[PDB]
Structures are given as structure tokens and as C-alpha cells.
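Dock chain B with the ligands against chain A, hints included.
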Amino acid sequence: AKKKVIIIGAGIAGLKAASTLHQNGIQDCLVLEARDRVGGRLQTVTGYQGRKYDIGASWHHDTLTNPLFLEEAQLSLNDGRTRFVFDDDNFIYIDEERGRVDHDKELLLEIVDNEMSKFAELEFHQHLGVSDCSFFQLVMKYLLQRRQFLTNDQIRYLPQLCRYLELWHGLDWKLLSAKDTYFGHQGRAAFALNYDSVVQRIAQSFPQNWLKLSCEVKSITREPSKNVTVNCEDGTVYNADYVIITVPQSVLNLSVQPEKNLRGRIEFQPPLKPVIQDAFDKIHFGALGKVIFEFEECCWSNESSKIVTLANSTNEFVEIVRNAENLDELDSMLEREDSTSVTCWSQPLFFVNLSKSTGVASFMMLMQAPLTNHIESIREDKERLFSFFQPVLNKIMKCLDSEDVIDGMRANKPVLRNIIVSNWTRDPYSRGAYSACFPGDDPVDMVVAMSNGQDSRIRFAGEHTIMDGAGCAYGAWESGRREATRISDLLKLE
Amino acid sequence: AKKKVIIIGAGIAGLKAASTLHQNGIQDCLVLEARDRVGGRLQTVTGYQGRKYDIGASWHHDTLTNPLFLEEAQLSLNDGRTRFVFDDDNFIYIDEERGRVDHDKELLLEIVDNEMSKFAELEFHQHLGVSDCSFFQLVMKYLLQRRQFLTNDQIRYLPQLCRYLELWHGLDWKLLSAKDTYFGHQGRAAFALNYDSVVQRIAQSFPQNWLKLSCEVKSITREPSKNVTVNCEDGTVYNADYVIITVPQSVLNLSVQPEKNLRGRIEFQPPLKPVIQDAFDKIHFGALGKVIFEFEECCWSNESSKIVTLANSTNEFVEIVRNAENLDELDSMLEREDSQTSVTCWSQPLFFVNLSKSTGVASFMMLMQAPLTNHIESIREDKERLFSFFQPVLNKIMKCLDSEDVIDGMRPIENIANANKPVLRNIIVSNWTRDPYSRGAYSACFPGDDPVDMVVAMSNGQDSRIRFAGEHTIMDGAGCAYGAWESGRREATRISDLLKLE
Ligand SMILES: Cc1cc2nc3c(=O)[nH]c(=O)nc-3n(C[C@H](O)[C@H](O)[C@H](O)COP(=O)(O)OP(=O)(O)OC[C@H]3O[C@@H](n4cnc5c(N)ncnc54)[C@H](O)[C@@H]3O)c2cc1C
Ligand SMILES: Cc1cc2nc3c(=O)[nH]c(=O)nc-3n(C[C@H](O)[C@H](O)[C@H](O)COP(=O)(O)OP(=O)(O)OC[C@H]3O[C@@H](n4cnc5c(N)ncnc54)[C@H](O)[C@@H]3O)c2cc1C
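Chains A and B, in that order, give the protein sequences. Quick note, the first sequence lines up with residues 7 to 345, 349 to 419, 427 to 510 if you use the deposited numbering. Quick note, the second sequence lines up with residues 7 to 346, 349 to 510 if you use the deposited numbering.
Honestly, I wouldn't trust all of these hints.
As the list claims (entries may be wrong) - Among the chain B residues that face chain A by a calculated CB cut under 7 Å, a handful are:
| hint | residue |
| --- | --- |
| 1 | 94 |
| 2 | 124 |
| 3 | 155 |
To be verified - Cβ pair distances, simulated, as ranges:
| hint | chain 1 | residue 1 | chain 2 | residue 2 | range |
| --- | --- | --- | --- | --- | --- |
| 4 | B | 386 | A | 328 | 50 to 56 Å |
| 5 | A | 331 | B | 215 | 43 to 49 Å |
| 6 | B | 137 | A | 308 | 43 to 49 Å |
| 7 | B | 210 | A | 331 | 30 to 36 Å |
| 8 | B | 111 | A | 472 | 52 to 58 Å |
| 9 | B | 334 | A | 123 | 35 to 41 Å |
| 10 | B | 58 | A | 427 | 55 to 61 Å |
| 11 | A | 439 | B | 111 | 30 to 36 Å |
| 12 | B | 133 | A | 77 | 22 to 28 Å |
| 13 | B | 105 | A | 302 | 32 to 38 Å |
To be verified - Straight-line C-alpha distance at most 30 Å; calculated DSSO-like pairs for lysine-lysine:
| hint | chain 1 | residue 1 | chain 2 | residue 2 |
| --- | --- | --- | --- | --- |
| 14 | A | 111 | B | 111 |
| 15 | A | 111 | B | 365 |
| 16 | B | 365 | A | 124 |
| 17 | B | 111 | A | 407 |
| 18 | A | 429 | B | 111 |
| 19 | B | 232 | B | 8 |
| 20 | B | 111 | A | 404 |
| 21 | B | 58 | A | 111 |
| 22 | B | 124 | A | 124 |
| 23 | B | 58 | B | 312 |
| 24 | B | 111 | A | 365 |
| 25 | B | 111 | A | 124 |
| 26 | B | 147 | A | 124 |
| 27 | B | 312 | A | 312 |
| 28 | B | 312 | A | 111 |
| 29 | B | 404 | A | 111 |
| 30 | B | 124 | A | 111 |
| 31 | B | 312 | A | 124 |
| 32 | B | 218 | B | 58 |
| 33 | B | 111 | A | 312 |
| 34 | A | 58 | B | 111 |
Hints listed in this document are in silico derivations from the structure and should not be mistaken for laboratory results. Yeah, the Cβ is synthetic: ideal placement off N, Cα and C, and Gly gets one too.
The following block holds chain A by itself, in its conformation from the complex:
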């Protein structure tokens, strides 16, 4: 029961940490995972007829700089096996009443969207001391400043188009920090085929007996006797020189709350430092969610792999923008316009057309908080799911030269065979999708507190513990490498 290093969590951060420790000659380590599987928020599920889908992470982002992707790419150069596809495409944008709205010669929405993004960059990325605000408020500020140079249809539709950013963060635009909204992407993203192959390679790169599944860690204690004690729910006790904690930010947040009996919650003694505890006030957790619609066969146009459905907009909104004297006045007018039920048209949805990129007759749809929570709470009511998404699904088919969807879950018409829904908001070992900023948040606080450790022996890794690739699989992966490398170096000094 005496270990060099114990890693809590077998997601990509934990797996890479173990892989790195082995690579550096470190022996007698343990990876403790609460689930009966490795991978954490990397999970590939099976659906209709053995079709595979990533229900967690699915893209390699930032392929110009992503060190994890580059490893996959180099392997692919050496054996010629396909591990990923570049599915970056020209976005189709769909409004309920107007239909297709992308690449329009009069609307030119993509062009004003870039100006909007330039506006956002200029608001923050030249200055210092600028107050943060919601993404919604930033768009309203843009419209107010540029209305003289925008058509009515541009004012109506542009705010709904730019909300695709909600699906980068997993948050509604009024919940989302403007300051953190517009980050740069370092090149195209590559769709993983699939992430389980990445997980399995890393998992196989260290001794297989290090791994302990179905092992929920319940407490971690530092005796002044240097060593760290790790208590598991099964009553097992371990003693380690070092400890790398990779549980999600959301699960870690449970430690600073009194209720002990929460699933996933780790009791720290001595308690997590105030800098760590206070950092939870300045960073939050988004809820990107996924729904997979599996069809019998593709009878729609494969013009694009990328399709976004726009939430409904109004002409009354345009009149309000043109008539408002200032931001404050704009806020008042929009409130009185507001004063129904959430539908599939209440928010933007991002649909990936897998038929074009992978040859599979399915759509992978991304949704955001607060929709994600409501949908995941009914993930087993398939009739109710179909009735909710039916209007957007039918509008999509229409715009893709096809016809209305037929419910075949129990000609050239699309037949829906199965629906798969994510569970991240309800799973106690993830409790949401990934770290995300509300207006006023400062992610650098958490990253600093996390990467400086609780003490020299108690360390942290994971998507929420690093700057580059923050929120992303490659950031989690790098953070794991980081902590293991540090510990490797300290261990050889003995």
C-alpha cells in the first residue's frame, strides 16, 4: 500500500500523467477511477447498427499548435491509418421563416460577423481596466455603435448568427462572459475517429495493473509525516509520496462545501487552501450537451457538414435597435418586448452532418445551457425528444432538398431510427461539460491556484488547470504531462 504517485481520475489528464511517469522510469504508481471505464469526458458510445459516436469531446481543436493532435498525425503518417478527418466546412445557417441565410448576396451576414468579432477584439484586446459584460450585451453594444452601417435584415439576423459561439462554451449568450467569448482558434479543427482510440493508446502506455476502476476516492490527507494518505470508498487505504488530482472542476468544488456524502466529493485534510477555495468564485462550469439523431439512410444534400439553426428573431427587435438612444434605453425597451415556452427555435443549435464527412447517416447536434439540462433530464423519453426537435429537423431536411422526418424509432423520406443523448449534467463524476466563464469571471485565478498545487505533494491536473487548451482535451492532456514531469524530476533527486 506504499506508492510513489497516485493519480485520481482516468480521464485524459490522468492517463497522460501515468503514461509520462512510466516514460520517465517511475514505478509503483496507481490510477484510481470512480467509473468502471477510463476516458472521463472522452467517451465513445454505440448506437443503431453498431454506429460509433463521441458523446463527449469529438474534435482535435487548434491543429496548428495542438500537441496531442500532432502525435496522432505523426502516427497516421507512419502507418496510414485514418484517425481523424478535417471536417471544417462552409456553415449553412437556417432561420425558421426565411430558410437558408448563409452566403447571401444581400444579407452578407458572415462579413458583418467578422466585423463584430473585430469589434470585440478592439473592445478588450488593446485595453486594460475594461469592465466585462455578457456576450449578449456586447452584441447589443455593437449594433448600437454600427446601426448606421447595417441594414434592417442585418440587424435582425446577425445577433442570432453570432450565437454559434454559445456552442463553443456550452452557455447561453446572456450567461456568457464577453471578455472570454472570442478566443482565437489556431487553425482548423479535426474530427476524431474516434477519441476512444486516443484514450486506449495512452491507457496502454503504462503498466495495466496501475489502473483501479470502480474506485471512488473519498478523502485525501497530508500528515506532517510528508506522505499523503488516500482513502477509497471500498475501505482501501493507500500511502503515496505524491498525488495528482484530475477530477473535474465541478467535482472538486464539492470539497469546499460541508455536505460529505456527495458522489465524487473528496474530503481534504488539511482543507484546500483559501486561494483555491476562493478561485471557485471566479470561474464556473458550462453545459455543452449532445444529441445524436440516427437515420436509416442519407436522403439529404451533403453540401455541408456544418449546419446551424438560428433562434427566432423579430422585426420589432430591429425597430427597437434603431430607435433606442443608448444602451440603457435599449435594455428597457427589450424587456417590455419580452413581457412563452422554450422550443427548438428558442436558441441556436449546431448540427453536424456526419454523412458528408464520415459517410454515416446521422446528425450530431450540440446544445447549450440552459437547454442542455432540460434535455438531459428527459433523455429517456424518446417520443418527447422527437416532438421537441421535430420542427428544426424538418426545416433542415427541407433546406437540404429532402422531406419531413418519419418517426421509425419503434421512399426518399428520412426515417429516424434512434436518438442518443449525453448525460454529463446528471453524471456525478462530471457534473457539467467543462470550465466556462460567466461575466466577471477570471479563469487565470483557478489556473494559477491549480498549477501551484495544494502543497508540494498534492497536485492538480485537468482541463481547468491550464491556460493553453483551457477546456480542451489537449489542455487536459498537457496538464497531465506537466504534473508528471515535475514529479518525475523531484523523484530522481532522491
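Structure of chain B with the ligands alone, referenced to chain A:
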């Protein structure tokens, strides 16, 4: 004759400087201009049937932050005049063999173009700075690094597509600094209608008797008796407390040469300070050119106002990229290919503005770059040769825009007319490379250039009395009309406040 301020040059920098002096109550100033007109590199010309075109600057750039543009926009709110139109559009890209190549579900050229530009940003914004190279060299590196993630057609057409940036700098991709190639476009640009209204509104805002046209300044002397003496070509001598020199960088560059006989050259006594002379080695001058094609009427598709014809590309290039081991071998393989013809309309990218969609005028405004510009400008009076040169791209554009080949109807006596076909009526060409008072288009970076040196040396002045304004003297809006406008305001405000305080 004794003057408070003498301004050399009546371009927008010089005009705004004079406007500013008058606005702040300064009297007895002079604007000495070598040409028989004001406006400098702002010039609106008249063509077929009274159609007007800006043959110099035509866009308000960076409309999010452009202070000249924002003043224009405020004026239109005030007086109901149309001064501009937003003509940013989705680019139509045309290759001679394949036809339209834009927004293509297989090629997706715009997407990898975006990636290349991100690659460029990453290349020159790491903490460790790197050596500059040509835009060409940068593009090749991208292809060599990213070939695993690019299809054959992407490798073939992308490098031709990206060369649209040649028409922003007025420079061939092998002549252009990669470091300065990708800069920030702060919002959409607005097409001016036209820049002559801008010139007239500033020109009319100071006393007309301040202006002296056809007045070439030949020397500027700072008497150790403290004032500045300005000598003109005709022999007229002037004395001033302050002088604002706004002649182009290309003309100012002549001052380091000894032969006084060079047209437009100004003799400085004492000579331009070493920090100024040295800055000329770290900045150069591009040659953006223009050709206007005027048609009888629009019989082409108005899907977009923005059209770019790509220079010819080969599948052989793709094979070379796929088979190269490193950068050195890639250069050798390309240089052999380059060794194994004449210059044509397909030897370089050309940027065509379709004025019919944005302005309702049945004409195209085409932009060209060095080395092509000076060659075309040299034959500007030979319409039939001009037509013959551009005929293949004009025809390819018409086909791609659902029309027919172009008819030469440039001679009125011939009574040429047609319904279905595009009838060319007139061709207008710029002359900025052969005009001694411009000698090119605007400041531009060769690889290794650092424009900061010139801007600093210019903004600090030759001394307290001898100041500089113009597009080449300012960081924000460098090269641009609004940079020149702001620089004029800058030097005049400085002098004006100084004079007020006495
Ligand atoms: C829907 C969705 C889509 C995403 N899309 C992308 C994408 O396209 N591209 C991308 O790069 N990233 C994406 N992400 C983000 C990415 O998945 C995360 O950044 C990354 O998976 C986080 O990995 P991690 O190792 O840091 O944490 P995890 O992968 O969650 O691993 C932490 C492990 O700790 C374990 N654990 C928790 N508590 C205990 C305990 N008490 N005792 C023992 N073990 C415990 C958990 O079981 C978990 O497996 C997406 C995420 C979601 C949810
Ligand atoms: C083809 C072309 C297209 C362009 N497109 C754009 C565009 O789209 N948008 C944009 O913002 N800018 C554009 N520009 C750049 C823009 O025109 C310049 O940045 C701006 O006009 C410079 O003005 P200036 O007053 O600084 O110099 P100028 O306008 O050249 O004025 C300097 C004056 O000095 C006078 N002079 C020279 N020598 C003497 C002398 N020896 N004695 C007395 N007077 C002398 C000259 O006659 C000249 O009129 C373009 C330029 C060209 C050439």
C-alpha cells in the same frame, strides 16, 4: 513674403493641415503644390458618358476606427448626402481553366486561407522573433508544414488565392515582406463616392488665396537666423516660421541623391538628419495601379462586387510539394520549374471591382501590382494593346458571370452596339509610377523592412520648424488616406497651439 506656415503639397495631408490652421484662427499661410490641381493621390476622373472614377484612393479603410470615415458618416447624418457605400462582398475567385473556385464544397479554399493567415500570425508573434522573408516564402512553408492536411487542389489553388494580398500592398508576393503582409482590417471598408468630395470639402475650408498651384518647391533652408526659406522652381522665394512638408516618401527619398535636376526633388540645408536618411533603407514604396473598364450597360450577373482572377497554376506544383523533403529541396525543385515565357493577364492575380452591383455603374475597376503596374501604365495611351492584353481575363469573367465574350466598341464612329453581349466603350489607366510627383502608389514593406523607423523620424520632424506629414509619417492608417489626413491635423494642431501661446 513673410508667412506663419508654409505647407508643401496639397494632397489630403496638406489640405487638412491648412484646414486645421484656418480652423484655429491662424492667418497668412500658404499651400504650395507642384501639380496644376489639388488632391495628390486622391484624384477622381471622368470617363465615358460622364461616369466618374477614383483613379487613386477609392475606399475608406478600417471603418470601425477610421476617424476620417467617422467624420464623413457624421456629415451624412447631418446633410443627407450619400458619400460612400459598403461594398464588402463575398469574393468570386476565377481560375482560367476551372472557372469559379470560391465557396466550393470540395476546395474550401477560404477556410485554409484563414488557416494560413493564422499560421502567419503564429510565425511572427512567438516570444522569439524570427527573420522576415517574402510572402511567397511564407506560403511555401505553410504548404510544406501542412501538406498532410491539404488535398491536391487545395495545394494547387490556395497559394494563388492568397495572393489577393498583393492588391493590398501593390507588390508581387516575392517582393513583399511576409511580416507586413497580414495586418488587421478594423472592420469593413467603404467605397467612397467619391474622394473628390472629400478633397473639395477640406480644400474649401481655408482661404483660396492660400493655394499656389504649379508651384514646385526645389529647396528648403533653415537660416541660422532662425526662420525657414522656401525656394520655388520659378524663382519665387518665401519666408516662414514653420513648414509642413507632405510630399510623398518616394519624392522625399530624392533628397538623399545629389542631382538637383530630379523633378520634385527638394534641396535641404542643412541636410535631412541621419536618422531620417537611414530610415529610407528600412521602408520602400509599392505600385498599386488601376485600370477602369467601361461598358455600355450591365449584362452580367451582379452576385458580387468583388472578383479576383487567380494567376495560372499547375498540377506539377502539387506534385513538387508532395515530393519535397525540406525547404531547400522545395526551392530547388521550384526554381527548375520556373526556368522551364511572356507576361500575360494570367501571370498574376488581378482584383476586379464590379461597380454595377454597388454603384449601378456599368464598369469594372481593376487593381494591379508591381511589376505589372509600370508596364501597363507605360502603354496607357494604347487602347487596342490594353484591350488585347486584358481580353482573356475579361472574357473569362463574363463567362463565369453568365455572360458572353466582350465586344470592342471603343470607337464611336463605328456605331458598335449589341443587346446580349458586353460592349466595351473605354479603358482608363492610372499613371502613378510615371508621375514624378508620386513615383509609385504608397509606402510598402520589402522583406526586412521596418516602417517604424520612418514614422518615428518623420513624426519627430527635421527640426522644430521643419515638419513632415503624409501617409508615410504615421502608424495608424499608414499608407492610407486617413493616415495622411490625421498626420496633417497632427502637425497643424501642434503648430497652431504653439502660435496661440505666443
Ligand atoms: C459534450 C462535451 C463536448 C466536448 N467537446 C470537446 C471537443 O470537441 N474537443 C476537445 O478537445 N474537448 C471537448 N470537450 C472537453 C474535454 O472533454 C475536456 O476538456 C476533457 O475531456 C477533460 O478531461 P480531464 O481528464 O481533465 O477530466 P475528465 O476527463 O473528466 O477525467 C477526470 C476523471 O476523474 C474521475 N473522478 C471524479 N471523481 C472521482 C473520485 N471522487 N474518485 C476517483 N475518480 C474520480 C472521473 O470519473 C473522471 O473520469 C468536450 C466536453 C464535453 C462534455
Ligand atoms: C492607386 C492608389 C490606390 C489607393 N487606394 C487607397 C484606398 O483605397 N484607400 C486609402 O485610404 N488610400 C489609398 N491609397 C493611398 C492614398 O492615396 C495615400 O495614402 C494618400 O492619398 C497620401 O496622401 P498625402 O497627402 O500624404 O500625399 P499626396 O496625396 O501624394 O500629396 C502630396 C503632394 O505633394 C506634392 N508635391 C510633390 N513634390 C512637390 C514639390 N516638389 N513641390 C511642391 N509640391 C510637391 C504632390 O503634387 C502631391 O500632390 C491609394 C493610393 C494609390 C496610388
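Cross-check of the supplied hints:
1. Interface hint status for residue 94 of chain B: upheld, as the beta-carbon distance to the closest one in chain A is roughly 5 Å, under 7 Å.
2. Because the smallest distance between the Cβ of residue 124 of chain B and any Cβ of chain A comes to about 5 Å, under 7 Å, the interface hint for this residue holds.
3. The interface hint given for residue 155 of chain B holds, since its Cβ lies 6 Å from the closest Cβ of chain A, which is under the 7 Å cut-off.
4. The supplied range of 50 to 56 Å is met by residue 386 of chain B and residue 328 of chain A, whose beta-carbon atoms lie about 51 Å from each other.
5. Between residue 331 of chain A and residue 215 of chain B the CB atoms are about 45 Å apart, so this pair conforms to the stated range of 43 to 49 Å.
6. The hint said 43 to 49 Å for the Cβ distance between residue 137 of chain B and residue 308 of chain A, and at roughly 44 Å that hint holds.
7. The beta-carbon spacing between residue 210 of chain B and residue 331 of chain A, approximately 34 Å, falls within the hinted interval of 30 to 36 Å.
8. Evaluation of the 52 to 58 Å hint for residue 111 of chain B and residue 472 of chain A yields a pass: the beta carbon distance comes to about 55 Å.
9. A hinted range of 35 to 41 Å holds for the C-beta pair residue 334 of chain B and residue 123 of chain A, which are about 38 Å apart.
10. Separation of residue 58 of chain B from residue 427 of chain A is about 59 Å and conforms to the stated range, judged on CB atoms against 55 to 61 Å.
11. Between residue 439 of chain A and residue 111 of chain B, the C-beta spacing of about 34 Å keeps the proposed range 30 to 36 Å intact.
12. The supplied range of 22 to 28 Å is met by residue 133 of chain B and residue 77 of chain A, whose beta-carbon atoms lie about 24 Å from each other.
13. Checking the proposed 32 to 38 Å range against residue 105 of chain B and residue 302 of chain A shows it holds: the Cβ atoms sit about 37 Å from each other.
14. Between the alpha carbons of residue 111 of chain A and residue 111 of chain B the distance comes to roughly 18 Å, so the proposed pair stays at or under 30 Å and holds.
15. For the hint pairing residue 111 of chain A with residue 365 of chain B, the CA-to-CA distance comes to about 10 Å; that is within 30 Å, so the pair holds.
16. About 26 Å separates the Cα atoms of residue 365 of chain B and residue 124 of chain A, which keeps this hinted pair within 30 Å; it holds.
17. At roughly 19 Å between alpha-carbon atoms, residue 111 of chain B and residue 407 of chain A fall within 30 Å of each other, so this suggested pair holds.
18. For the proposed pair residue 429 of chain A and residue 111 of chain B, the alpha carbon gap of about 24 Å is at most 30 Å, so the pair holds.
19. Among the hinted pairs, residue 232 of chain B with residue 8 of chain B is consistent with the structure: their alpha-carbon atoms are about 13 Å apart, no more than 30 Å.
20. Distance restraint check for residue 111 of chain B and residue 404 of chain A: the Cα-Cα separation of roughly 21 Å lies within the 30 Å cut-off, and the hinted pair is therefore satisfied.
21. Between residue 58 of chain B and residue 111 of chain A the CA atoms are separated by roughly 25 Å; this keeps the pair inside 30 Å, and the hint holds.
22. The suggested pairing of residue 124 of chain B with residue 124 of chain A holds, with an alpha-carbon distance near 15 Å, which does not exceed 30 Å.
23. With a CA separation close to 19 Å, the supplied pair residue 58 of chain B and residue 312 of chain B stays within the 30 Å bound.
24. Pair hint residue 111 of chain B plus residue 365 of chain A holds up; C-alpha atoms about 10 Å apart against a cutoff of 30 Å.
25. With a C-alpha separation of about 26 Å, the suggested pairing of residue 111 of chain B with residue 124 of chain A holds against the 30 Å cut-off.
26. A distance of roughly 27 Å separates the Cα atoms of residue 147 of chain B and residue 124 of chain A; the hinted pair therefore holds under the 30 Å criterion.
27. Proposed proximity of residue 312 of chain B and residue 312 of chain A is supported: the alpha carbons are some 25 Å apart, at most 30 Å.
28. About 11 Å separates the Cα atoms of residue 312 of chain B and residue 111 of chain A, which keeps this hinted pair within 30 Å; it holds.
29. Using a Cα cut-off of 30 Å, the hinted pair residue 404 of chain B and residue 111 of chain A holds, with the two alpha carbons roughly 21 Å apart.
30. About 26 Å separates the Cα atoms of residue 124 of chain B and residue 111 of chain A, which keeps this hinted pair within 30 Å; it holds.
31. Proposed proximity of residue 312 of chain B and residue 124 of chain A is supported: the alpha carbons are some 21 Å apart, at most 30 Å.
32. This hinted pair checks out: residue 218 of chain B and residue 58 of chain B have alpha carbons roughly 26 Å apart, not beyond 30 Å.
33. Only pairs whose Cα atoms come within 30 Å are accepted, and residue 111 of chain B paired with residue 312 of chain A is accepted, the gap being roughly 11 Å.
34. Distance restraint check for residue 58 of chain A and residue 111 of chain B: the Cα-Cα separation of roughly 25 Å lies within the 30 Å cut-off, and the hinted pair is therefore satisfied.
When held up to the earlier numbered hints, the structure conflicts with none and fits them all.
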